[PDB]
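Colleague: Read off the chains here:
Protein chains: 2
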Amino acid sequence: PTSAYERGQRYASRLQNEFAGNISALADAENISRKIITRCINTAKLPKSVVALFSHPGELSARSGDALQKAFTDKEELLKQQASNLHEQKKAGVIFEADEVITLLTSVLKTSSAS
Amino acid sequence: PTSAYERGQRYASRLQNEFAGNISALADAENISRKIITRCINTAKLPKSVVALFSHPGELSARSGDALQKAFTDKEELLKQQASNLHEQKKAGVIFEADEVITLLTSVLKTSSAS
DNA sequence: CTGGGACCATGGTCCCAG
DNA sequence: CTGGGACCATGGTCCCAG
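Which chain is which? The protein sequence lines are W and H, in order.
Going by the working numbering, the first residue of the first sequence is number 1, and it counts up by one from there.
Going by the working numbering, the first residue of the second sequence is number 1, and it counts up by one from there.
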């Protein structure tokens, strides 16, 4: 099963050109809900760094990828930072699975840091 | 007492005009250690928004303004973004207070902290 | 057209209790 | 050990409202 990130790349191009950016058009073409295209496409927007955090790109579900991207909209730099920070954890040997990555990543946006 | 940020602005001007980039010159003028000028100036270099995180600009110490500035040098976007974040949180009713603010901003750079 | 909300069955994990 | 209940996130679909 190709990764959400991957699908998103394809969906992305097919939109810009093959369908004049008509999500609905592409959807029918791919014979799949529009949301699915949205979710994956937004995932493909995530920084290459953030993708790397996962062993296998398939570990980043379209659903979480989508939410991640929306969450860090207009804050790509913050995202990139967090991403690197986590990269050092594993660099220093630390290990956390998929489900955690998104959490730790998103953490910076949550107040539970101090409260 | 005029806040560091304020002093910073005034200093930087005289520095750019009345004394053509010569800290020592300005220092002699204001009759205060060069360090002070440096601290305030860097403080005035902080994004309006970052200053805005505090009720009164006076809440931002020259000392912190300085460290904050140096800390995020060549990372102004990151700072602005992280400032937004903290702005949205207190927008959602969260409450911070001076000391906590500067610490929160800086947390982003810390591998241990952010993750 | 488009995004978002309400839903859905599924593969799958945990863990309790015979 | 073994089955079953309680959950869970996911991929998806529908369909409403801007």
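Quick caveat, the hints were computed from the structure, so don't treat them as lab data.
Treat each hint with caution, since some may be false.
Since copy identity is lost for identical chains, a pair holds within one copy or between any two.
Using 25 Å as the maximum straight-line C-alpha spacing, the simulated DSS-like pairs for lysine-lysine come out as follows [as the list claims (entries may be wrong)]:
#, residue 1, residue 2
1, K70, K91
2, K90, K75
3, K90, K45
4, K35, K90
Colleague: A separate judgement is required for each hint: does it hold in the structure or not?
Modeller: Results of checking the hints against the structure:
1. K70 x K91: between (27 Å within a copy, 19 Å between copies)
2. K90 x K75: Result: close both inside a copy and across copies, 23 Å intra and 17 Å inter.
3. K90 x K45: within (23 Å within a copy, 28 Å between copies)
4. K35 x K90: This pair counts as neither: shortest intra-copy Cα distance 33 Å, inter-copy 32 Å.
Comparing the model with each earlier hint shows a violation of hint 4 alone; every other hint is respected.
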